[PDB]
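Given as structure tokens, the chain that follows is alone and in the form deposited in one PDB entry.
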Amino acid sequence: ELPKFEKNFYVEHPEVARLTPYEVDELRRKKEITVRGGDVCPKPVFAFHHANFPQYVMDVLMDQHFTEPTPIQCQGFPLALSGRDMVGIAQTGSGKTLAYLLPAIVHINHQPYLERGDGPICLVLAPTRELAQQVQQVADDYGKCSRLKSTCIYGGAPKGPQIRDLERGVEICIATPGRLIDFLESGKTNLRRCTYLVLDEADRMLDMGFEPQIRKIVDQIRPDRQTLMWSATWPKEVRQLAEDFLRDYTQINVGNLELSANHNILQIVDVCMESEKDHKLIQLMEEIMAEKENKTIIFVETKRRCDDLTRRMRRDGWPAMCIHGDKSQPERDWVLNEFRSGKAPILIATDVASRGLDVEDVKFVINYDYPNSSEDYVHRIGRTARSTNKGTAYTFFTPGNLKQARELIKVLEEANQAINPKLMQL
């Protein structure tokens, strides 16, 4: 007794249709694409015009001076445009956002118009407020010359304007889970029209803190929806759990199937004692801040250490500001915007800034504290070397971090990085 709908909007372009099985295999080999699943996977595309996006989307793309789709776009576009459930795993900074947003636009464009009272057609869930806001900004860039309406549903901002967006009608909603659950409970929106569901940073969204919130939301979406999950990491602990939210899905990987970092990052690991970190940070910042572009993110383990380090650095004269979950949302957005503009070129952060954020010209990531997992390491260092850029990561590793040493060495080896002998000694 539910309304019928379509989700397959894909026809192979003739240039893709006429690829031989050998040419398709060589395309996947050269782009390091692996596909797994029960149904035959569509061939990868290799040019944007193979996707038959609307002309206004092509104009924004051709603006960006992208010369070709990234590997995850090459395989993700035709899978998503074909209406398939999918998990897309690809390196940080490799274009996963447009891999799900552009097929969302195509999906929306083929659905019946929104009538007053209708909820969103596309829902994208993200683990942090700033990431949700960033994704909405990308969506609006590509739907600017269309009649597509978006909103960002997230905590720490006034409800009024969000409620008015939902009441007027939005085709795409980007949300963090808490505020969305709030609005769903009180009937400020509903998911009766949601047929395209994206979990960005999906392995984070399926962790112990988020999974009950995600389950509460996704339980309200029709099971014949299309579900698309994306991340740079896919640890064993979330894999069978993810299948609770997927039907007849295909998994795409780019690069190594094990945990791996973006190979455009120069990864440096300094094995030292906890007491040596502050002196070594000052030495490092003295070298970094004498360079032309010096935009740097410094990651620490706790909100308290974030505050303490920022206070100490600002007193020593460094133009540093911090972002963490105990700051007000206006202060969080203000600090991130000053970092984006370069007015505050040093950002000190908890893991609130470890995933998804795409900031122009970050040249250095410093792990002042090694993170809680090697997956977090891969996301943190991926704040640099995004798109066709390189960058550097510098990590302080203490004997207290020993239990993480083996997994860190494997990541370094997979990325062809030089291994500090003091690290291998551990």
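We call the rigid core whatever largest set of C-alpha positions still superposes within 1.5 Å between the two forms. Residue numbers count along the first chain shown, from 1. What changes on going to the form deposited in another entry:
The residue among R215, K144, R247, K303 whose Cα moves by 2 angstroms or more between these two forms, once the core is superposed, is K144. In the core-superposed comparison between these two forms, the C-alpha atom of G37 has shifted by at least 2 angstroms.
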Contents of the next structure:
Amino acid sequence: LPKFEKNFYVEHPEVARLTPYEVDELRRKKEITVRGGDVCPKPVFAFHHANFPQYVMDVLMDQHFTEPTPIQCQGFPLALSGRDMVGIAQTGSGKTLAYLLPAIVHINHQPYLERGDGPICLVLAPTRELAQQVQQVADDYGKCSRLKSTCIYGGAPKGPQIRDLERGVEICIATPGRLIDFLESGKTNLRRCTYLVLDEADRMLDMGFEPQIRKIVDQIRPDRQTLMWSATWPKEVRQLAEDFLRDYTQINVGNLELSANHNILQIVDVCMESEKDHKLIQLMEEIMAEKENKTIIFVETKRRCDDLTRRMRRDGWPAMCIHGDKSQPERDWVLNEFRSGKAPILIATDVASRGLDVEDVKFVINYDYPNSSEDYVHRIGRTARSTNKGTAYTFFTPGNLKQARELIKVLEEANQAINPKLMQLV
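Just the form deposited in one PDB entry so far, so send over the form deposited in another entry.
Here you get just the chain by itself.
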């Protein structure tokens, strides 16, 4: 087993000199909470504290990044220290670079990939488009250290993915099913995997994904570092997560309860199911009169996604849809059209609810309320990325009554006005 160098974080003197109270005040200013009893390095507060290669710093400055986000301030040094961790922070607040840039430093301290060598960093994600997005970010920065990456996911030909794995990648981004296929058939292996990331980790630990995660992680060396990330960390996944963690540290940004990004204006319209169509058209007529009008509309099922899109297109709306019954080339094409703005309206199932970072989305519409309050927080987080603001509009019916209590709590935490009809439902 090639030796795993784990001790390479060098704390900057500007960070090391802070006293414990000063650290607590820095965390307070950034709304960082570290779970009690965990060992945790002091947070950094500038990119030059974070041990990054000069070429990574060059790329960061070229993209006009000036200061790490809160989850980066605490997550960079925790990840760099080699500790297992859980990092929870709001949608759009920079979790991807929080785990990718320490991955690059980690990789740079390991022996070079030989032949027959699988990846050093493995990132798991719940959807194919999110895996592709993370790989694009990783390539942007991994190229600085001459690192190779690939994306392993279903619906695309196996051959090119097998080629990339056999050529050698230090960084592999994957959805679980196709990776399991390749592990079972010997197209890659996890004997060099020492940095394992579960992005959208609470989703990856849910009823459908947890057995896939378990099958994968059972094949990885137990001396690996494991890093889990999400905007939501409900109690239900916390004990289960310990099956995949060893001596770990949990960090949070924002309130400890379930919380949305506070840059989102959250509007809830309480209505009957039969009123949704008319109300949607009214809303879209106002949205499409604006200059910045890029909109995602979420629905509950693939069938409703197809039906709503056809209904909208039949009336001349420039809408396209994405869901799991489309071919992967269709899914890729639609999302690229949405990113470019050639199609300003995307209608989607929860396939598009997590992780996707489309810069100029201004509106998220919950045509159907989702199955959980966590799903609501992720969906509305497709707007208000980075420092941007955005608006979410939700249609909430009496059929959704069971979800009302938790929705009210999310609205209250974000200091949003609560529709009296929603209150009257409880």
